[PDB]
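S.K.: Next come the chains, spelled out residue by residue.
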Amino acid sequence: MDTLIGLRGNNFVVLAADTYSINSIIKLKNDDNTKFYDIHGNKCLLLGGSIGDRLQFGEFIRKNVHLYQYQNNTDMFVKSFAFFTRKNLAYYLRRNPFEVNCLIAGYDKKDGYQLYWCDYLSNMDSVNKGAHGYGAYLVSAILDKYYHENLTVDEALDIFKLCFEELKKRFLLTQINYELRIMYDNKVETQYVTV
Amino acid sequence: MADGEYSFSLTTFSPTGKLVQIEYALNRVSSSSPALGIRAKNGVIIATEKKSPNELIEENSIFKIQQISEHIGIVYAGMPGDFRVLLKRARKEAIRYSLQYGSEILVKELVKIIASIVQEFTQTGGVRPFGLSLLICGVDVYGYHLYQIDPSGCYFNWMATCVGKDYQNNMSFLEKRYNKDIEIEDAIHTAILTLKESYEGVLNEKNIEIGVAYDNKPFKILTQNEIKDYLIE
Amino acid sequence: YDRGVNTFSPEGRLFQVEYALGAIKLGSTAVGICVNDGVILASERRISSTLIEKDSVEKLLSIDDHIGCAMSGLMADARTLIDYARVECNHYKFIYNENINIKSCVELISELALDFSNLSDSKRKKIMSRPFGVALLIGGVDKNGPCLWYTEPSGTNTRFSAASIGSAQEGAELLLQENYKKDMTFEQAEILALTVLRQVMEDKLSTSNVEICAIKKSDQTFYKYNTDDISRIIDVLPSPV
Amino acid sequence: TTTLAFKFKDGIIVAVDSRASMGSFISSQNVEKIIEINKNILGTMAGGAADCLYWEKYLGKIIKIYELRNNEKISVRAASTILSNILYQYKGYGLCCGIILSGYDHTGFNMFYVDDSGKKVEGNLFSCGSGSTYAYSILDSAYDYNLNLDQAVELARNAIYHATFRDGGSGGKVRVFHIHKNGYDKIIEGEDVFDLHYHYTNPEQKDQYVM
Amino acid sequence: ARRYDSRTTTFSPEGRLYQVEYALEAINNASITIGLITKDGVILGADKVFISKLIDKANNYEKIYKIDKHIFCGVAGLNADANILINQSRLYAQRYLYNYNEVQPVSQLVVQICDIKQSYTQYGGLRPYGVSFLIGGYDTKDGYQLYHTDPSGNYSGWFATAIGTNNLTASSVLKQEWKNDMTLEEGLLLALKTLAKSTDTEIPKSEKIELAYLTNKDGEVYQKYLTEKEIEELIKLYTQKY
Amino acid sequence: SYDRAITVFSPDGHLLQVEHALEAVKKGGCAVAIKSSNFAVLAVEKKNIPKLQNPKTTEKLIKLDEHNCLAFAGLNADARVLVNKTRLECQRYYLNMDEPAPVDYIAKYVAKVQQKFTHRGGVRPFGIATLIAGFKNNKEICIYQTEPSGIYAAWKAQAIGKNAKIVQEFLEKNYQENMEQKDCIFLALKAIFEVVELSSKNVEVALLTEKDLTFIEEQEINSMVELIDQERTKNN
Amino acid sequence: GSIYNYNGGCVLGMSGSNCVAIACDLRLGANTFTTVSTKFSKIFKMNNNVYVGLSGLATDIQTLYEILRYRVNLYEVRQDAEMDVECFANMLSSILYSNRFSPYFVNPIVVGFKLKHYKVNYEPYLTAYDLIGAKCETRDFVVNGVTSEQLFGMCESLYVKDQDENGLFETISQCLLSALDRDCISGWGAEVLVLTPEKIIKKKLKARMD
Amino acid sequence: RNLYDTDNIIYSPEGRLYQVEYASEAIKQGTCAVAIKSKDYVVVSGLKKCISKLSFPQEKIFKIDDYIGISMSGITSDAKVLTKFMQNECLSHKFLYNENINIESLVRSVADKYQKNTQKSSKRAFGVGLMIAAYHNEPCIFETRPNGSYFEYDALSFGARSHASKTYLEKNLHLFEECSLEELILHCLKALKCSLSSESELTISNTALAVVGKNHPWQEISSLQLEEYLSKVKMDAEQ
Ligand SMILES: O=C(NC1CCCC1)[C@@H]1CCCCOc2cccc(c2)C[C@H](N2CCCC2=O)C(=O)N[C@@H](CCN2CCOCC2)C(=O)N1
Ligand SMILES: O=C(NC1CCCC1)[C@@H]1CCCCOc2cccc(c2)C[C@H](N2CCCC2=O)C(=O)N[C@@H](CCN2CCOCC2)C(=O)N1
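Chains as they are written, first to last, in the authors' numbering: chain K, 1 to 195; chain B, 1 to 233; chain E, 8 to 248; chain L, 1 to 211; chain C, 2 to 243; chain D, 2 to 237; chain J, 2 to 119, 127 to 218; chain F, 3 to 241.
None of these hints come from the bench; they were simulated from the model.
One should not assume that every hint holds.
Dumping the calculated DSS-like pairs for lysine-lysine here, alpha-carbon to alpha-carbon at most 30 Å [claimed, not checked]:
#1 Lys-224(E) x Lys-9(L)
#2 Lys-231(E) x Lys-57(L)
#3 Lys-223(E) x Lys-39(L)
#4 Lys-100(E) x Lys-224(E)
#5 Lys-86(F) x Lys-133(E)
#6 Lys-183(D) x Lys-235(D)
#7 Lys-115(J) x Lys-70(C)
#8 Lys-115(F) x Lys-130(E)
With the C-beta cut set under 10 Å, the calculated list includes, among others, these residues of chain C facing chain B [stated by the list, open to error]:
#9 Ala-2
#10 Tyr-5
#11 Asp-6
#12 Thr-9
#13 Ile-52
#14 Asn-61
#15 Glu-63
#16 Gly-78
#17 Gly-126
#18 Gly-131
#19 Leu-235
Restraint-style ranges between C-beta atoms, simulated for each label pair [claimed, not checked]:
#20 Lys-169(K) x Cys-144(J): 52 to 60 Å
#21 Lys-212(D) x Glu-231(C): 32 to 40 Å
#22 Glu-178(D) x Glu-155(K): 52 to 60 Å
#23 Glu-149(K) x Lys-115(J): 40 to 48 Å
#24 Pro-245(E) x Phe-153(F): 53 to 61 Å
#25 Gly-48(L) x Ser-107(F): 50 to 58 Å
#26 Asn-90(F) x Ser-238(E): 48 to 56 Å
#27 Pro-245(E) x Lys-181(L): 41 to 49 Å
#28 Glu-231(C) x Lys-180(B): 18 to 26 Å
#29 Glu-172(F) x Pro-245(E): 55 to 63 Å
#30 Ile-50(D) x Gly-220(C): 31 to 39 Å
#31 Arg-216(J) x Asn-60(C): 49 to 57 Å
Even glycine gets a Cβ: it sits at the ideal position worked out from N, Cα and C.
The shape of chain K in the complex, shown without the other chains:
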């Protein structure tokens, strides 16, 4: 299972995922790169699920949003991006579903830092924190307990570290390799964490 975690504050949003590519009982890679889909204009789509469906849906969304932004010579708003993503997933739900879970993050001047939680049924809501996968069961309470408004980026990263330690200790799949996307102060940074 692919563990996804998202946390938005007044001044940032942070997404995190395990970096495993799985083929049955073996790890194809310990540094998977098929989960995060950076999108021009301070937006990021994070996906879980089957690798094939992830690649197809994510690249489709990214290409369509880039097309929109080139055709209209402007950046799509984060909320517009989230609802375009949800609507495409909902279109395919009853025809040929993409079994993928999504966390959608971004910043724009209109709405600040935004986080959207969307499941494979295209159930979506904006949230302050969210998680997907079986590890969601083990990180959600930590997110609830340690989150507060006015949290700083360093504090949020410490929360994520708590989550990673819990996943390593208590989750049946001992996930120890993670990648994080940090959006704040008009820049997107990538970090890798081992626990």
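Chains B, E, L, C, D, J and F with the ligands: place on chain K using the hints.
M.R.: Only chains B, E, L, C, D, J and F with the ligands this time, still in chain K's reference frame:
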């Protein structure tokens, strides 16, 4: 035929910018038996000249005033086959609206849909425009309405109007004696007087059709006897 | 205009096809020579100015590993035909696991060219709305050895031992007829091609205004000529008298 | 079936077995599980024989057309994307395809794993087939990017041998190809694993080996 | 049947499209439509064509139309073609809202309708639309906007402009009098001035004037279609100021 | 659906619709693109009514995708539809190959579309010529020019649109290789002003590099225009 | 059946004298027991006189709301008037039935005012739907969602005819809260909208969060 | 200006279809072909057009099926479309019914293909004629015209200056029935020679000759046999 290379516009722009086919349809209308409508205080009346070519024809077999739905009536000046097609389409659109929203179609919505249908035939390939004008009267929540639709697909909102033969002179006669605060009886008398002034000779209960929608009631086509009473005076 | 595209003239010729024939008489001149040891294609390039990149424009395209083509007339139409030929040759190669015979490629090209006639709805439907207005020289090596084929807007394909297309078609053909021999070796084919091109070229022959390709029977591989090869040929040329 | 490939400092080693099965019956021991996609890209076949063969030859056709049209060599990444999209279009139809695409291009040496489910994973070391866990364990145990060609070939051979030893679906011959900047070489065209067992595990050949 | 084809989408010997030129002549023969941008909103004004005193002049705007809450247009040319395209543009705005959950930027809407018009000029064998649009609106990306479309599918942004008959006079008046930071009242008075001067008169007549504007106030975008009474008030103010 | 053959062969052997489209192109504004070591400069005439027309709206120099830009001359609406088709194809290429589209691929696609519109019933050709600047897969900078007939070529420097002959002949005797960004910009301005009125507001200029497409500021253009006016007066 | 348990949620409509109220829980469930959101409103404003409450599958809630907003906006721009609540109710029925055999898994209610233009009279209007568009016009209350039985009990027992705005608020809030306290998959907040012809009052209740 | 020859669906006041007649006119411009038959054999001979000195002669006769071959005159691409159609019809009949197609049915299908291209303004008639030679229980020769009609013949010729060959065939028609295959070949070749230009000859390069008969599948004649026949023709022409 109706597809392939043989679907090109028959109505095209002239150097001056005019769409002459629409003008010719307008001429065809201006040569047709007069029709008129009057918006009164608590109702709207549409009246027409129905001159029987021969004693053999059955007058009831020809009604130039038709009902589209409860509270909506229609009359035309121009070609009758075109009118039949458009009346069938109007009834269809009325019921389509009624199925979607339950209630009766608002007069403006019907008029816009029909005007768009008319417009299509001035642009789509392989066809001529409709050769007629329509007067659509009706009552809904938003009051009483009297609309005209031209062969080009433009629509106008009228307090009172006349289409067809020598409609400029009829229009002057009607504008000399129309106020917005008339009653149903006064409106019917005015419509009859306008048609008399236009018609050459002597009018009767067989030479005119009249339809009313007043006092929040279903549209009604006056019988021969009612028109006869209106003509007694 | 007044007519339709599929109209016959009173002498039983399609007007559009005949007009298209008047378009192939234009463009740079190319010459094909097919001798026993391989086929060679040569063409003059009419570089329009010093600002145009020579690499970009090119009149000798390869259809498959074993097939090359020289073109004349409308270059956009010619490129359309060539792309179609490339796709079809590779489809043949996929379903049969062998190189397509040159004559088969020529037939496919000619049918594509005549598609505008709307003669039958078999397989794809009619899409082209007019002739292509392109004449081609298609040389290659197949199981039957080297061969040179000519196709034109009417859809007739003719096999040659040597041929010419483009603006100076007639002069080049006159020079080829009186000089070509069936038992010529490859180097003599190169000499003949460049001699004819230089004789009919408005400009003076040089490595930059002449392109060459050859499909040798030894390896059946289309090969483009760089500057050293053209220089080597130009050296052994006869005097321009 | 066992196929594998890995990058090392002189390029890419690609090794496969040669057994084909119909159920538990061995249909052949001389099938060819490495397919030249183009001059610089090799494909390996695992899973359905018809599916792998057809779609890798179809990819070869597509790439030939591309390289004629654009007068340049396709990249391994593009070839893998084309194949993955084609296969994903058949999702739910039941294709069985496990493919490793390896090659050299202007971005260097590249390697992708593509399966019928649409998976497309870049990497430096892959194995597919029933015997791929055994090859993985051997390779990971003895894999160094600084191996020379001889060491890389020897390691590939040993990994294939151990896979065929433990997996009933793999066997026949080991083939080890080497992909380099100017194409590829067949270092080992085909070597019966029969000799490999009595070379590695039981060189004495004086009694039955005991697992 | 080819003998009856008028060949609408065929280049002329000077690389011109005759049907488009004639549609433009028709538009140039229509009543004046003006538009201008203030700091308080976009103003659209238009002269009404007289037909009869019996037309129903209540809540009957026939040259300025609401496309969406934040977009509205003025029409010059054939009114039925305009009705078709206005219906289409309302559909387009709502489709953008459905797909993206946010209101459509004005330029994207103008582009979509202009694409419809261009397509009629390029594909098929039908005549082009005989309408020019003055499309104005507000959106957060580009603020207050005003666009001008022609039958060829062309468009361009403007700070003030006029279409229809005698647009030269109105445009000159706007060029002389339009300023970069005007208030809504100043904009309305200038619109009345240019309407009066293009119609060959000095004091405009309320019966022949359609005036509407579009403001983004307190975060809501709101459209005001001035009645005959409000226009009469503005006419009195104009006759005071001039 | 209309299917008549609009483009046909005249008795002379010409596609008259294509030549009429070429006339339309010659009625457009001038655009110039100059190539350098790893950058290209593109310039285009501006027409805008002062104080009434908005300059920021009309876009003759546009970005297709990550690394490719386009200038065009001829019919604006045709250009918009063709440009949107080209952007769509750029993204489709990225999806199907996992790599951004190279410049040569996009030039070939644009030319294919134009040719196709000379060769299909019921459509007229695009009345536009285009200049396409971008990067090949070897990261080399290239400039392609397409025409309504569908023919294309790569150029070191080229002008399209009205009075393109004068600009071409000017560029022949003034273009050098691997010129610095400042000098390439100045050469583009001189080329455009060879046939257009000298003014900052009559030209839009952009510079293409690996990073992005950047439009040259108003003040830089005005300073270069004063330099051109000085050199002109001093030459007279 | 279980599809409706995936997310949970419920909606409730009630009318008083010249006032009408619509209320919903705020939870977004997942897998029937995991709460992923506590601000997922099921109440949507079509126009000032028309609200819709959409319970059921969240994806279908959002999709249907977008369809309804599209239709209402088109109707109102074409007509240049606010859509009457009954026309909207019939339209919603027709939209749901148009998917009769692959329906949206939604349990809508419509709450608003029917305007009787003489001066204008504002008559409360309430309707509950099933997923294929069958309609139940009512004067006292309407319910929908997985909590339907509890809401029905609370309303049948507590509803009082012709209450003023404050009495209406207290009654509908008590009905909703009592019903929610017995549901495992609904709750986590309640929003209450009380409508009058002059103003709308939006309240969030201090409700149970387990 | 005819005013009636512009469209293929328009009758002239005399009841003629001019576009179809022009398509037929295209047939008279092609190279000459001759078909004759004995009680057991059909021989087809035709002239192969040569474009220039360095060009290979164009192909004149084509195999359709084991016992069917054709020759054509007119627009080559049209003939190729029809050739593909006939080959496919024959092979599909073998595939479906495991028997050689009935020649009458194939020729009727070809003629209906011809006819369908004459009734719509968006089509033109095939501008080519087909001479069809088969053995199906008996030798047979058929002709197909652009207007959609077909005819069976005992001896047939068309193409440019085929009236001389027709004169020769009419003269000797009585002989062909009982003459041997060698004699029949000589007759066909002499009839073809009767259409030659003044300066021209019949050579292995420019002469196409095929035989088909009772036990004799459609077969073109080899260069050696063809050369011997041409020498015999020349020698007994000197007489
Ligand atoms: O923008 C659109 N059209 C453009 C694209 C081509 C040219 C114009 C329209 C928007 C019209 C809005 C009206 O409201 C609805 C009317 C009917 C149905 C539905 C909504 C719900 C339906 N839903 C919701 C989720 C599952 C599903 O089936 C759904 O949204 N249908 C999509 C079509 C989506 N496909 C179209 C082509 O592109 C790829 C995706 C749809 O109608 N779009
Ligand atoms: O060894 C194999 N893969 C290696 C060898 C090459 C690449 C790697 C696979 C191993 C199992 C594959 C499972 O996926 C399937 C996908 C589609 C179909 C079938 C199976 C069923 C099909 N069956 C079963 C009985 C009748 C029949 O047709 C069948 O098993 N086919 C054999 C082909 C064996 N030979 C055929 C000719 O000679 C070359 C190979 C086959 O695919 N085996």
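S.K.: So, for every hint listed, does it hold in this structure?
M.R.: Structure-based check of each hint:
With a C-alpha separation of about 40 Å, the suggested pair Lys-224(E) and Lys-9(L) falls outside the 30 Å cut-off, and the hint is violated. Between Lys-231(E) and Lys-57(L) the CA atoms are separated by roughly 27 Å; this keeps the pair inside 30 Å, and the hint holds. A distance of roughly 21 Å separates the Cα atoms of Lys-223(E) and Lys-39(L); the hinted pair therefore holds under the 30 Å criterion. A hinted pair counts as satisfied when its Cα atoms are at most 30 Å apart, and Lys-100(E) with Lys-224(E) qualifies at roughly 19 Å.
Simply put, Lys-86(F) and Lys-133(E) have alpha-carbon atoms about 17 Å apart, close enough for the 30 Å limit, and the pair holds. Taking the CA atoms of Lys-183(D) and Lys-235(D), the gap is near 21 Å; set against the 30 Å cutoff, the hint holds. Proposed proximity of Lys-115(J) and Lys-70(C) is supported: the alpha carbons are some 24 Å apart, at most 30 Å. Taken as a hint, the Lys-115(F) and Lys-130(E) pair is honoured in the structure, with Cα atoms around 16 Å apart against an allowance of 30 Å.
This hint holds: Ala-2(C) has a C-beta 5 Å from the nearest C-beta of chain B, less than the 10 Å allowed. Interface restraint check for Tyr-5(C): the shortest CB-CB distance to chain B comes to about 7 Å, inside 10 Å, so the restraint holds. Nearest Cβ of chain B to the Cβ of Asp-6(C): about 5 Å, under the 10 Å cut. The hint holds. Residue-level restraint check for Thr-9(C) holds (minimum Cβ-Cβ distance to chain B is 6 Å; threshold 10 Å).
A hinted interface residue such as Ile-52(C) counts as satisfied when its beta carbon comes closer than 10 Å to some beta carbon of chain B; here the least separation is about 7 Å, so the hint holds. For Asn-61(C), the suggested interface contact is upheld, since its CB lies about 5 Å from the closest CB of chain B, less than 10 Å. A least Cβ separation of about 8 Å between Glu-63(C) and chain B falls short of the 10 Å threshold, and the interface hint therefore holds. With a cut of 10 Å, the hint placing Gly-78(C) at the interface with chain B holds, because the nearest CB-to-CB distance is about 9 Å.
At about 3 Å, the closest approach between the beta carbon of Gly-126(C) and any beta carbon in chain B falls short of 10 Å, and the interface hint on this residue holds. Annotation: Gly-131(C) was flagged as interfacial toward chain B, and the flag holds, the nearest CB pair being 7 Å apart, inside 10 Å. For the restraint placing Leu-235(C) at the interface with chain B, the shortest Cβ-Cβ distance is roughly 24 Å, beyond the 10 Å limit, so the hint is violated. Separation of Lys-169(K) from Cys-144(J) is about 53 Å and conforms to the stated range, judged on CB atoms against 52 to 60 Å.
With their beta carbons about 54 Å apart, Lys-212(D) and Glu-231(C) fall outside the hinted range of 32 to 40 Å. Between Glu-178(D) and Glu-155(K) the CB atoms are about 56 Å apart, so this pair conforms to the stated range of 52 to 60 Å. For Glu-149(K) paired with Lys-115(J), a C-beta distance near 43 Å keeps the hint of 40 to 48 Å intact. A hinted range of 53 to 61 Å holds for the C-beta pair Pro-245(E) and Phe-153(F), which are about 60 Å apart.
Roughly 45 Å separates the CB atoms of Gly-48(L) and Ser-107(F), a value that falls outside the hinted 50 to 58 Å. The hinted range of 48 to 56 Å is satisfied by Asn-90(F) and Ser-238(E), whose Cβ atoms lie roughly 52 Å apart. Checking the proposed 41 to 49 Å range against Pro-245(E) and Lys-181(L) shows it holds: the Cβ atoms sit about 44 Å from each other. Between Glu-231(C) and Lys-180(B) the beta carbon distance is about 21 Å. The supplied range of 18 to 26 Å therefore holds.
In this structure, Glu-172(F) and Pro-245(E) meet the distance hint of 55 to 63 Å, their C-beta atoms being roughly 58 Å apart. Under the hint 31 to 39 Å, the C-beta atoms of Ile-50(D) and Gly-220(C), about 33 Å apart, fit the expected range. Roughly 52 Å separates the CB atoms of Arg-216(J) and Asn-60(C), a value that falls within the hinted 49 to 57 Å.
Hints 1, 19, 21 and 25 from the earlier list are contradicted by this structure; the remaining hints agree with it.
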